[PDB]
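Have a look below at one chain only, the form deposited without its partner chain, in structure tokens format.
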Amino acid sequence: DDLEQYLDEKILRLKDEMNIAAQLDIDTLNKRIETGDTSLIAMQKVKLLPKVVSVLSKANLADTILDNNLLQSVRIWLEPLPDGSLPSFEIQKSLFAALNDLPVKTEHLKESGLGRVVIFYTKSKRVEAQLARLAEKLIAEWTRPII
């Protein structure tokens, strides 16, 4: 309960770091676009990805991850930009593999916005089939009646 506050703060700091990385990468992309300089490339998310995968993979962190809406930040990494473009394949595959192991429920999808993003992955022509089908399996599962 102070052990539980320490876990919360640790997940909340990752949540912030993920959002800062995503915003930095968007700034870089916009600059690469404005200037046409292809030596500018967004790297903040990929540098942070190993930590995100590590944390998301820890069984005893599931409750803290789910209770602190870390899936919101996961959703921000996955979500399409307004032109419809997606993060790299490596980010998609790493995040979806990590989500495959988390006990996600409808309430988390609603609160994080992840539900509508995972649905988008089931439909977008830009997504590799293996990930589109995994997205379709996960959404069915996460929203299942619960016998």
Second form
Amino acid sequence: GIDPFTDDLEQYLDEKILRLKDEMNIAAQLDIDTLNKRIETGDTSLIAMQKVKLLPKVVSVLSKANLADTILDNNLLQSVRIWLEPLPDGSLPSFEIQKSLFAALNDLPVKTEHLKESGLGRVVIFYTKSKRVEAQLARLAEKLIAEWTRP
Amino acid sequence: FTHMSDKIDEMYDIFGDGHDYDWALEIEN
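Would you mind generating the form deposited with its partner chain bound now that we have the form deposited without its partner chain?
First the chain shown before, then all remaining chains and molecules of the complex.
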């Protein structure tokens, strides 16, 4: 994902975001494995905490305005979409994850092309229908859908 | 306004048909 004809700094930022994208994907996949393992085996002690563990790192990157271009250009939002998706048993990620991700989306200059490559629009719509979503986060989702379906 | 009709199609490009997650919505119910 790094651009060969960019200088070291630009490659360094692309790498930072590409590393984060992979770490987010590993964390989501490990939590999914845990929740399938929790189903196949009915072991009730099993909880999915890899996304929650990595969240401060994700929030720190998402909240830096000077990283917006790099975030958007490298499709990090695809990993955000994956973090918001219901899990195999229909359960949502933790409130802290939902709130932190939506608040960060509110500040990013997301364009149609980014929504297209990430699939982020589709998961945000789900948050406006779900019964398990807190009412304040459903309002935030609706407000994002509205900022993204302007004519 | 010239292509404002096309904006519908663009919604569709972003959102699809809306049913990707019906399985999860049905679980809740």
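Note that the rigid core is defined as the largest set of C-alphas that superpose within 1.5 Å between two forms. Residue numbers count along the first chain shown, from 1.
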Worksheet item: Is the C-alpha displacement of residue 34 equal to or greater than 2 Å between the two forms once the rigid core has been superposed?
Response: yes
Worksheet item: Superposing on the rigid core, do we see a C-alpha displacement of 2 Å or more at residue 59 between the two forms?
Response: no
